[PDB]
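Protein chains: 2
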Amino acid sequence: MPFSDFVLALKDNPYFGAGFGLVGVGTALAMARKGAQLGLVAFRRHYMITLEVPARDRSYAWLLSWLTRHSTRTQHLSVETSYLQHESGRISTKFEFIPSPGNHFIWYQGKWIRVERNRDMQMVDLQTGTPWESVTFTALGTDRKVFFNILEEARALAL
Amino acid sequence: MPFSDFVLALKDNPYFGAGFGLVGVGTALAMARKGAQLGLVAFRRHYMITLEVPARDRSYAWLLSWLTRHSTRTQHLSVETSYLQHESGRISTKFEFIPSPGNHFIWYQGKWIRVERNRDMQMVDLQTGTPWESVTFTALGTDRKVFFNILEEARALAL
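Residue numbers (the deposited numbering), protein chains in the order written: chain B, 1 to 159; chain C, 1 to 159.
Check each hint, because a few of them may be wrong.
Identical chains share a label here; the pair holds if one copy fits it or two copies do between them.
What the hints assert, rightly or not - Taking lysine-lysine and the DSS-like style, the derived pairs with C-alpha atoms no more than 27 Å apart in a straight line are:
(1) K94 with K11
(2) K94 with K111
(3) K145 with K34
(4) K11 with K145
(5) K11 with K111
(6) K34 with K94
(7) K94 with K145
Rather than coming from a laboratory, the hints here were simulated on the basis of the structure.
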C-alpha cells in the first residue's frame with residue numbers, strides 16, 4: 001500500500017495544492033455566508049421591530065383600510081368589490097382598494113415602515129377557502145409604540 | 001503542519017490563481033444578478049402601476065367581459081358556455097368568450113396595459129372547487145386613474 005508515496009507526492013503536486021486551496025476558499029466562503037446570515041438575523045432581532053397580523057385576525061382588514069386611507073398614492077393596488085342584491089333586485093356595488101401583495105413602504109410619524117402583505121403560495125385556509133395571507137410591518141428602532149398607535153388608528157377608523 | 005508552505009506555494013501556483021480568479025468572477029456575477037433583480041423590483045415599485053383582481057372578487061368576470069368587448073381581435077381565447085334546461089326541457093345555450101390564460105396586451109386611453117390572466121397551477125379553491133385564478137393589469141406610469149376608469153367601465157357594462 002503506497003500510503004507514504006501519496007503523501008510525499010501530494011506535497012509536490014501543484015494540481016493537488018491548487019485543488020486544496022480552492023476547497024479551503026470555498027469552505028471559507030460558505031462559512032462567511034452562514035456568518036452573514038446569522039449577523040443579519042441578530043441585527044433584525046436586536047435593532048428592528050416587526051408586527052405580524054394573520055388573515056384570520058380582524059385587524060388585517062382594518063390595517064389594510066388604514067393603509068389605503070393613509071397612503072393615498074399607492075401605485076400598486078388590489079380591488080375588493082362589495083356586491084349585495086337586496087329584495088326587489090336593487091344591486092348595490094362599491095369598489096374598495098387595498099394594497100396589492102408585495103412590499104410597500106409608508107411614512108408614519110417620523111419613521112420609515114416597510115409594509116409587506118404576503119400571500120403564502122401554498123395552502124388554502126379551510127375556514128375561508130382562500131390562500132393564507134398576512135401583513136407584516138417592519139421598521140428600524142426599538143420602540144413599539146408606533147405599531148400600537150397604527151393599530152389604534154386602524155381600529156378607530158374601522159369602528 | 002505546513003501552514004506557511006501552502007501560503008507560499010499558492011502565491012506561485014498558476015492553477016490556484018486561475019481558480020481564485022474564476023471564483024471571484026462567479027461571485028461578482030451572482031452579486032450583479034442579485035443587484036439587477038433588486039433594481040427591477042425597485043423600478044416596478046416606483047415607475048409602474050399594477051392592479052390585482054382575484055377570482056373570488058366579482059370584478060374578475062366583469063373585467064374579463066370588458067376585455068373581450070374592448071379587444072375584439074384577441075387571437076387567444078377561452079370559452080364559457082351557459083347551459084340551462086328549464087321546465088319542459090327547453091335547452092338554452094350561449095357561448096361567451098374570455099381571454100385565455102397567459103399575457104395579453106391591450107391599448108386603453110393613451111397607454112399600453114399588460115393584462116395577465118394567471119391561473120395558479122397548484123391549489124383548488126374550496127369555495128368553488130376550481131384552480132385559483134387572478135387577472136393583473138400592469139402599465140408604465142404613476143397615475144392610477146386608468147385602472148379606476150377601466151373598473152368603472154367594466155361595472156357599468158356588467159350592470
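Exercise. Enumerate the violated hints, using their earlier numbering and listing them in ascending order.
Key: 1, 3, 4, 5, 6
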